[PDB]
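*Asks:* One letter stands for each residue in the lines below.
Number of protein chains: 6
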Amino acid sequence: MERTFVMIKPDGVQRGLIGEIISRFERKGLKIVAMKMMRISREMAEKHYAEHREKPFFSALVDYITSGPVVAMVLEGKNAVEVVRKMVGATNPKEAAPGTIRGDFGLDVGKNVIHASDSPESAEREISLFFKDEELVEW
Amino acid sequence: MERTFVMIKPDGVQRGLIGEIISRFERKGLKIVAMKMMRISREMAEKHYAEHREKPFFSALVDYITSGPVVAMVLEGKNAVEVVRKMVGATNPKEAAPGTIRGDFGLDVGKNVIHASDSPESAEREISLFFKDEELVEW
Amino acid sequence: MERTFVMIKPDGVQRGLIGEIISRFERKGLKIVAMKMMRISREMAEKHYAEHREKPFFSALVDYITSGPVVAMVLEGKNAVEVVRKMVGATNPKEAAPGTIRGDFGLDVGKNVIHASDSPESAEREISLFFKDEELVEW
Amino acid sequence: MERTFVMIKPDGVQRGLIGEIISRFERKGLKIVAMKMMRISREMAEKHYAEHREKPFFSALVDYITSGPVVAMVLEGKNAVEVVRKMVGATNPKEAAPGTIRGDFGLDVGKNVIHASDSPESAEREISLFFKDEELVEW
Amino acid sequence: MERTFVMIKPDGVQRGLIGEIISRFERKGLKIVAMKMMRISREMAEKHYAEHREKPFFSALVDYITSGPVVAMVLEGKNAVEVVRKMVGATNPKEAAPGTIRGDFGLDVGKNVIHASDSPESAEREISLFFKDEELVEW
Amino acid sequence: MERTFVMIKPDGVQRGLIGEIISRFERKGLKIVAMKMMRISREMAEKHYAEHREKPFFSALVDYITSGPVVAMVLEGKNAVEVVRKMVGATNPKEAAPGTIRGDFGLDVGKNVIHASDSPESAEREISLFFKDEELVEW
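Protein chains in written order, with this note's numbering: chain A, 632 to 770; chain B, 632 to 770; chain C, 632 to 770; chain D, 632 to 770; chain E, 632 to 770; chain F, 632 to 770.
Rather than coming from a laboratory, the hints here were simulated on the basis of the structure.
In the DSS-like style, the derived pairs of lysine-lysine whose C-alpha atoms are separated by at most 27 Å in a straight line are:
| no. | chain 1 | residue 1 | chain 2 | residue 2 |
| --- | --- | --- | --- | --- |
| 1 | B | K763 | A | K763 |
| 2 | D | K725 | A | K662 |
| 3 | A | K763 | B | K662 |
Here are a few chain D residues that sit away from chain E, every Cβ distance over 12 Å (derived from the structure):
| no. | residue |
| --- | --- |
| 4 | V664 |
| 5 | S672 |
| 6 | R673 |
| 7 | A676 |
| 8 | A681 |
| 9 | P687 |
| 10 | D694 |
| 11 | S698 |
| 12 | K725 |
| 13 | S750 |
| 14 | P751 |
| 15 | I758 |
| 16 | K763 |
| 17 | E769 |
No residue lacks a Cβ here, since even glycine has one placed at the ideal position from N, Cα and C.
Go ahead and model the full structure; you've got the sequences and the hints to work with.
*Replies:* Below, the structure written as structure tokens:
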């Protein structure tokens, strides 16, 4: 079944939003089939955000993303990738609608609480980057 | 700070209670320093419960906890072991006070949603069982 | 399973507490097997409280419960009668523990939001009073 | 005053969402003037969904709608029909905005948690189908 | 940093929504730097709604706004004025999206729960009208 | 009715708990008759705690309460002083029952989120200290 990748970023964790975010996914009827708290290495950060590497905000981005623990997770359901990205809302929380996670919880565009894969191909890449294969459980 | 061990049991996971349980801890000021979803081997359940081997329905206790994915976690905070034990409440959810996780959520002693270490020495044993040291995160 | 009887009183209805009360039961794993909104006739209130006829302010007790629409329901689950009685709490909401429905919501003994059967024999009597057998649903 | 019909469908009930949905209506300032849990007969199901009878999903639709208890209710307020349909969100939960009931709680298009009348004329028909006249209370 | 003015109107207060509304702001990451419950004089009401004074609903508007206590507050954050007005939703709660405050809590256009400055210039004027300068705290 | 005094402490404010605390009071049927955010002078803290002057770490108690903005309020309702004291719970949040504000939220005795008057004579003293009579509102 369709799967997507989510990460609750260091601001989300630091501000005590792990449970609220997870509850929104659960209530939506999505299955968590992998999850863990981790500390992302600078290498893994640069690899993950490779696309932004020539941007003037790149090191600030990697300092933020590596500045404390995150929660990484894999979520399974009908239309998972698309549905979780509507749930999460526009990248810039100032433009994200109320009812979305970024709309209800974010203010800055950089520290925007959470990440969700933007496409099925990004989900495969993102899952493989953050999880060993055995960290995936089935239920 | 003190650390303690918590496990959200297969029933807690299956009933969609992971976020609600976690928000209770976050709202309490507790810090998640390690967390993952996993599937506990019969072998590992048997070790966790080794003191129950010669008691009634030992193999049922192990069935309950190996029957689906659990969320294992480590929580840090002032008085954690005792605070967490009070928040989870009595083993039997009918006797657990309202306001506890087992009072508010649990069905019966077997389907009681969650476990938490009962002593600091239990916590040390239970954390070593479930987590390599590298899966712990300082924040 | 055990069944018990609950009534959300006119104050509970008027103050917009029906969902919150019901979510507490659902989160507890309780099954609603019958439910309706109704307006209790003085005659029927008098029967429900017949054991209070010779006590002080009998007619005030009946006023409280006939003064608006109530939600009547039947809940099924392990230990229901006792679990439900503990979740509703002490008759007097000032003495009801925080975490109970009456502790968290009730104003005074008359305006105490909710009733629940106090014994399995009370439950049987109170269910027969309020519901024909056809309004019960097996799920 | 304006009235509309709502039904929480068997998935909504089975998943323990009755209280959350009712609370959203209460908080919105709408009055519940009738409500009950019922089991919908196959006859009543076919009558209600008559419009879809030549569609290849028709019997699946009626099997689902009759597969467990629902909650039927009548809701009263300024613009009730239109307001409750915005609250409920697009039929296909994948297209329903976050903050709506279907957006926060549904995934499938068939099992989409809840139903609300789509027009004032549909409300009259739907109310008359599901409720006897005496099941309507005023407050 | 950017600041905006909010008032929870007498309907919001009377209906017990102060905490829910404040929590939405807190969760959003906005700072409350002034707040208080007050009773707005008819003079202050007319001054504040001066723009509507030749409208046939003007005295009804001032009777409502002065009919019980309000909560006035000042909120600070990145894009505060714009962000709080998206949060609050369209003036007419019937057109306000679910997830907004007016969308989740209002029905009438006059009694629409809450007010937020519509522009930075309106915020300065509104702050100065309702707060003495010393009622502003910094943190 | 009885009135009592509550203060949300700097930690409660800083941790974003003002709404959650207030909703607990509103859901209980308590009426806020005065409220403001303020910064307490050392002088005024010293008066509030004057009975603690000759006890250990007096100056630490005053540090905790002058270290940021607090929300001061007055609450009115049947049994308010006692009901509010039970809802806040034991001074020490580790001993406070789950379901109380200090049980559910407090870190330790110093960082215990909130204060409430312990007697009607304390309430009268504490209300006069914190509020001129004009800041009280009849509703």
